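K.L.:
Here is what each chain is made of, one letter per residue.
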Amino acid sequence: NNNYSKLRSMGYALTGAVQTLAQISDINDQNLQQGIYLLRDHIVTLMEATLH
Amino acid sequence: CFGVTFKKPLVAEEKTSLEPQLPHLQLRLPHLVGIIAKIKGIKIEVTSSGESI
Ligand SMILES: *[C@@H]1O[C@H](CO)[C@@H](O[C@@H]2O[C@H](CO)[C@@H](O)[C@H](O)[C@H]2NC(C)=O)[C@H](O)[C@H]1NC(C)=O
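In order, the protein sequences belong to chains D and E. Numbers 573 to 624, taken from the entry's author numbering, label the letters of the first sequence in order. Numbers 837 to 889, taken from the entry's author numbering, label the letters of the second sequence in order.
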């Protein structure tokens with residue numbers, strides 16, 4: 573119950589949240605980019621044949 | 837000569853060439869390959885967040 577101790581403990585928790593939030597943000601952004609790339613590739617493949 | 841009139845023989849063109857006229861549809865989708873090429877190179881840039889921090 574030291575005045576510094578229950579502050580050090582909260583300092584421990586106040587950084588894993590930031591780290592995990594960054595990780596989830598990166599995962600979401602990468603998934604969105606991959607989906608967009610797959611969609612554009614399929615669209616181009618479909619688009620060539622009708623022109624020909 | 838006498839009562840009958842005489843006319844010169846007519847020369848004839850030896851060959852003819854046939855070049856029929858064709859309708860012009862003027863479709864616009866063809867010769868648009870450049871737009872497809874532009875679609876190919878979208879190049880979305882994403883920078884990892886948290887690696888720097
Ligand atoms: C074949 O392509 C040529 C070139 O695109 C067409 O010629 C054009 O025809 C238009 C319409 O009469 C004119 O305004 C252009 O000046 C022409 N360009 C040239 C370079 O001649 C032609 O019409 C096409 N053939 C068919 C059957 O569509």
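Check each hint, because a few of them may be wrong.
Claimed, not checked - Derived DMTMM-like pairs (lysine to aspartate or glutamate); straight-line CA-CA distance at most 20 Å:
hint: 1; chain 1: E; residue 1: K876; chain 2: D; residue 2: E620
hint: 2; chain 1: E; residue 1: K874; chain 2: D; residue 2: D598
hint: 3; chain 1: E; residue 1: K876; chain 2: D; residue 2: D598
hint: 4; chain 1: E; residue 1: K851; chain 2: D; residue 2: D613
hint: 5; chain 1: E; residue 1: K844; chain 2: D; residue 2: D613
hint: 6; chain 1: E; residue 1: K874; chain 2: D; residue 2: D601
hint: 7; chain 1: E; residue 1: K876; chain 2: D; residue 2: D613
The hints are simulated quantities; they were obtained by calculation from the structure and are not laboratory data.
K.L.:
Could you run down the list of hints and mark each one as holding or not?
P.N.:
Right, here's what the structure says about each hint:
1. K876(E) to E620(D): holds (11 Å)
2. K874(E) to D598(D): Measuring from Cα to Cα gives roughly 27 Å; hence the hint is violated.
3. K876(E) to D598(D): violated (24 Å)
4. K851(E) to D613(D): violated (56 Å)
5. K844(E) to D613(D): violated (76 Å)
6. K874(E) to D601(D): Judged against 20 Å, a Cα distance of about 23 Å means the pair is violated.
7. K876(E) to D613(D): Between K876(E) and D613(D) the Cα gap is close to 7 Å, so the pair holds against 20 Å.
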